[PDB]
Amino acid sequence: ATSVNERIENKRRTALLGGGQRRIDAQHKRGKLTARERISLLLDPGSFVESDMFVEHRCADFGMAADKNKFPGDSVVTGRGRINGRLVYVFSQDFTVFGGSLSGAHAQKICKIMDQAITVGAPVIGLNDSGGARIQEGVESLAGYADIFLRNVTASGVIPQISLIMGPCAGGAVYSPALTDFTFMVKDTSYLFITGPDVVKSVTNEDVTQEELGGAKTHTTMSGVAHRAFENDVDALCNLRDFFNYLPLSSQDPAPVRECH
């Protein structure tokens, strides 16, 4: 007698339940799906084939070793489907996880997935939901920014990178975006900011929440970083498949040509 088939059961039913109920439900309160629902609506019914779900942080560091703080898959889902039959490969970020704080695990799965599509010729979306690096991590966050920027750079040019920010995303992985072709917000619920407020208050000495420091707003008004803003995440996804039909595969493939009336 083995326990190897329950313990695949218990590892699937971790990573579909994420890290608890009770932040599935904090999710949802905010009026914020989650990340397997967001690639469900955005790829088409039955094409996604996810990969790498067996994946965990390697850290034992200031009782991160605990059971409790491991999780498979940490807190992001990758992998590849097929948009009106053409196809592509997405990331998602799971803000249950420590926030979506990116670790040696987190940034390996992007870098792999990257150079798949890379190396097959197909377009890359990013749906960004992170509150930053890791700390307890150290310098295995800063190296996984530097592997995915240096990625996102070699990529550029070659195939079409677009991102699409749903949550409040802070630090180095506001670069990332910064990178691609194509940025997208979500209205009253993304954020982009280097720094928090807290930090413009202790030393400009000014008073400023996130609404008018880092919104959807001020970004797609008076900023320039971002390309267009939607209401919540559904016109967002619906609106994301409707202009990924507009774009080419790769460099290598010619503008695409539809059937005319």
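The form deposited in another entry is what I want next, because the block you gave corresponds to the form deposited in one PDB entry; please supply it.
Since only the chain itself is given, any partners or molecules it might have are not part of what comes next.
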């Protein structure tokens, strides 16, 4: 009946709008901004070429084939671009659908971007925003984590890897930021903890909250995991720009030289 053009347009508009305008305004009023405009702001204007824009997750089990819980993009935005004229491979988790939970397509696209970057020799910037994992897919999803880890260990000392975390990351995915070189946070927006406060409350039996377990202040003051903490997101990206400007593209290139006076 209808041509494929209208279906493609509907898929594109649903991906841009996410799960609906209500979620969009709720996220805007929450205090943080989605991944697409973050990538637009981090890099130069009109220099971003996204790769594999149309990828969706498939799962025969649990009866998720309906369009109610089907969304293209797999809550990951990956691409390449130029900042100040220098090439960068950029990564952004997306919390609009499933809370940025990682799956097979997630890890597949992630591995594609990192091994392409290692081949060319450009740095890898990764913006992390997730809050859980799909329990329906199960152990298979865990396998993806393992794959991702390998890439990091293959790139240690070959290219600089920078990880900015700006969501309540938890579980087994807190290790990929820890295998990179420099870790930065945003105050009162990004959390790190391997296990949730409920588990420690049930087992160790003491009253603890999430702020004093995975807050930016705790990790940047006493835990010694992250390097700096920023007040919000736009300023975090502005600081990430010139911090990247400091560093070279790879270990083969020498230290950058800036005109001075």
